[PDB]
Amino acid sequence: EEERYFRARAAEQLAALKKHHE
Amino acid sequence: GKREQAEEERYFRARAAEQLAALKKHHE
Amino acid sequence: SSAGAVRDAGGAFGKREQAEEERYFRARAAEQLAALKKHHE
Amino acid sequence: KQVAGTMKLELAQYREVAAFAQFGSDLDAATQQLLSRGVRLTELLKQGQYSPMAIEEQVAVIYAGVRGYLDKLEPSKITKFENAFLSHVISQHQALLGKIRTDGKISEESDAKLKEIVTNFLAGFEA
Amino acid sequence: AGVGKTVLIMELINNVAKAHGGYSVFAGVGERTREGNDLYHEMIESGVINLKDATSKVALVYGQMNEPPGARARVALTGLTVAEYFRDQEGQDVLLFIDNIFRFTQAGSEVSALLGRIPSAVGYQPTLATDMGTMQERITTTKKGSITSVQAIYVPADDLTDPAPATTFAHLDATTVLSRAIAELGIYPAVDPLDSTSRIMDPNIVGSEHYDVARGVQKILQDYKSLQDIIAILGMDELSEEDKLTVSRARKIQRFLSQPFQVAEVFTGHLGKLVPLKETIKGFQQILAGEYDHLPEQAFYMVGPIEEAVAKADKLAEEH
Amino acid sequence: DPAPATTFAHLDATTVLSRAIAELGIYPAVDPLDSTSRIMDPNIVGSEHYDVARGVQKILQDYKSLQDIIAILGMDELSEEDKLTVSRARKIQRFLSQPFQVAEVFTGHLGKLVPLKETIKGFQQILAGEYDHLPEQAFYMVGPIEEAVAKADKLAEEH
Amino acid sequence: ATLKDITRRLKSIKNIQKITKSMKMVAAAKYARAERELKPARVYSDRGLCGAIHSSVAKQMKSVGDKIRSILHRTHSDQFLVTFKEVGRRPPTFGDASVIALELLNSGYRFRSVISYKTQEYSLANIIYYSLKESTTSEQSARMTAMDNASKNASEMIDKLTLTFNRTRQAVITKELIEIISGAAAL
Ligand SMILES: [Cl-]
Ligand SMILES: [Cl-]
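Chains as they are written, first to last, in PDB author numbering: chain J, 29 to 50; chain I, 23 to 50; chain H, 10 to 50; chain A, 384 to 510; chain E, 158 to 477; chain D, 319 to 477; chain G, 1 to 44, 73 to 91, 108 to 153, 164 to 173, 205 to 272.
A few of these clues could be false.
[To be verified] Part of the chain H face toward chain G, derived, beta carbon under 7 Å:
hint, residue
1, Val15
2, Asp17
3, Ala18
4, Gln27
Bear in mind the hints are in silico, worked out from the structure with no lab data behind them.
Note that beta-carbon positions come from the ideal geometry of N, C-alpha and C, so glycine has one too.
With the hints as extra help, turn the sequences into a complete structure.
If you want it as structure tokens, here you go:
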């Protein structure tokens with residue numbers, strides 16, 4: 029796995045900011 | 023090795039407790 | 010560094026590995042010699 | 384550069400795994416791909432003495448291995464495949480080999496053209 | 158090679174010239190002449206050397222493999238003397254470079270051999286310590302100015318106990334380990350945060366806030382490399398909330414260590430940044446406390462101060 | 319060492335002897351992964367000579383890699399493919415040995431002299447897998463491949 | 001003692017280090033298979077190098109798996125019957141577990167964590214399947230940690246032998262140089 033977990037976590041945090049600035 | 027001692031001393035420190043546990047019971 | 014370095018050293022693992030092979034093929038020699046009894050007879 | 388860049392990377396993935404293949408047995412299909420390409424790309428690195436190849440010919444034998452045409456074929460037949468494949472392209476397809484030497488690069492047309500030559504030759508290799 | 162060695166050298170020349178207002182000196186001691194040609198034109202591309210007008214920041218002094226032991230032995234002294242001018246006369250904070258320092262030790266051994274002297278241990282000169290000592294002690298801070306030297310070391314046979322590096326190690330105040338493994342991850346500059354150390358890393362010297370924040374980053378990176386071994390052998394299920402929090406923060410930290418340089422503006426895009434000392438400490442301290450956990454990992458990759466990491470996260474959020 | 323090392327350049331064919339091979343009992347103790355010759359070429363000696371000779375050197379080199387695995391595991395934990403590679407390798411080691419006519423008093427047995435193609439065809443059968451059923455002791459100190467099969471008849475009847 | 005002996009010894013352990021590193025990941029791969037299959041199985073060996081599991085099983089018996113017989117043969121041979129082998133490479137299944145049940149009636153007659171472990206026809210087939218699934222998961226976790234220790238203990242020996250190598254390396258250069266200087270002096 030190594031980076032698969034935190035790559036998925038990083039993608040979710042982008043979506044949080046996108047929804048926040050609306 | 024340094025950890026050669028780590029494995030060996032861990033084995034006999036456990037066996038020291040087991041042998042002392044057998045010795046204390048016979049002492050009673 | 011290179012292959013076959015264990016037996017080249019000739020220590021505990023080197024000599025025990027040489028003995029370990031000798032144990033295996035001595036037992037297999039008896040099994041294979043027993044097969045020659047059946048094919049001959 | 385186009386073929387050897389991907390080739391060097393896949394060999395740079397193989398050698399790390401290498402030791403696991405000796406007693407792997409039950410193993411996932413993802414890392415199994417590295418064993419497959421790894422051993423087969425190593426067979427391409429073999430070469431007979433006094434037998435130098437042209438730059439346009441060398442890219443063709445790596446193009447086959449790198450794009451995954453050797454994978455379905457057995458490791459024992461890789462040396463046999465290269466000798467057969469190299470003779471096929473040199474004899475009948477001089478137009479393609481000459482174009483690679485002139486351009487110094489596998490162009491958009493030459494990639495699709497070379498793809499056609501390997502796929503057809505791979506189909507019906509043995510007799 | 159393959160770590161951005163010459164890029165680091167050109168940047169340090171640029172930054173020390175821009176911030177402290179002091180020129181630099183590069184001493185090509187006993188390396189390849191080809192490498193001199195490579196560096197010479199790279200410096201013109203970046204702009205640290207300028208042929209058109211007198212605005213150059215570097216003075217080159219080359220004496221390479223092709224020249225005899227006597228020539229190679231005293232190139233370091235020739236370059237040092239140029240650096241000594243800017244310290245002693247113009248009162249500058251000077252930046253010397255010696256690549257490679259092992260060649261000074263080698264050439265010194267070769268001259269001592271040819272002169273006819275009973276050699277020391279491992280075939281080195283009897284005057285190993287004195288030849289190094291008379292050179293290194295000239296590189297110091299005076300009341301007029303200073304000469305800060307960055308000396309490239311080739312450790313022979315990977316043996317730190319060898320006389321050549323060991324004698325050199327006494328004079329060193331710091332190190333800068335450039336790893337290829339770090340460079341493969343995309344983290345430029347490719348400085349290993351663990352293996353790189355300094356003598357001045359002490360609460361008395363750098364300060365209370367500097368030492369604790371610096372040791373805080375060194376702790377979490379050591380904990381990251383420990384916990385990453387568990388991910389490989391076992392899996393992600395083994396790591397708890399305490400463990401998985403520090404791993405996510407460590408990935409942001411190691412990406413924040415990266416920086417776009419002014420030297421690599423002709424190489425690639427991204428404007429070059431010069432980060433102050435206070436901005437650096439303030440940046441990494443806030444990550445360890447856990448202020449920028451909500452922000453993603455990509456925003457920390459390649460930025461100057463901590464402010465740009467916040468601005469890039471909003472800009473990257475507009476995409477998706 | 320300088321004295322033997324410098325001599326290698328002056329030679330066409332070499333025969334590098336080994337103590338480790340000698341101490342096992344293999345005589346002549348010739349190193350199969352060291353002794354080389356300039357004439358060893360498929361064009362010179364023929365492709366059948368070259369392929370079989372290199373084939374012997376391939377399995378004996380791979381045998382050294384397996385020996386490192388056997389030191390920790392043992393012969394039992396190895397796969398079916400790896401067990402057979404060792405079996406064929408150990409039989410090849412012993413078939414390379416040969417009793418000399420000059421060394422009758424040392425060995426005890428009478429000396430031999432094997433022809434060319436008897437040597438080529440002998441090791442070719444062992445690599446192909448035609449003597450898996452026979453034990454490794456039969457190949458120790460014999461002339462041609464026929465004597466190995468003939469010795470296996472005596473070892474069977476004695477056993 | 002001598003530069004040549006250190007080199008052969010250093011190369012020997014370097015190989016043993018890499019081979020033990022390989023057996024750690026292979027044991028870790030088999031452990032991942034063992035934990036998934038044990039999750040539903042709780043609700044319902074021959075290969076050594078796995079801590080002290082074979083002796084731990086022998087502890088409770090005196091007071108399946110061919111290696112268990114090796115310990116018990118010379119002590120008490122005639123008591124327990126049956127015996128099986130080839131249990132270690134491939135984990136147990138319904139096909140292989142059912143043969144154990146057949147040699148009982150139709151005849152003449164535990165995993166805690168990664169670093170610690172504790173020791205009519207259809208109903209008997211359930212309990213035997215539970216034990217072997219617990220046994221197979223325990224040995225792979227132990228072989229992982231045992232081989233992990235074997236590589237780490239080898240790494241310590243490599244580190245210290247590298248120092249003794251480099252000390253002896255320098256001394257051989259120094260000593261042999263002094264021979265030549267002494268030789269030139271006497272001319
Ligand atoms: Cl020059
Ligand atoms: Cl002036």
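Quiz item: Any CB of chain G closer than 7 Å to the CB of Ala18 (chain H)?
Solution: holds, 4 Å
Quiz item: Does the interface hint hold: is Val15 (chain H) within less than 7 Å of chain G, judged Cβ to Cβ?
Solution: holds, 5 Å
Exercise. May I ask you to test the interface hint for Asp17 (chain H) with respect to chain G, counting a Cβ-Cβ separation under 7 Å as satisfied?
Key: holds, 6 Å
Quiz prompt | Agreement of hint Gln27 (chain H) with chain G interface, Cβ distance less than 7 Å | solution = violated, 13 Å
In this structure, the one hint that does not hold is number 4.
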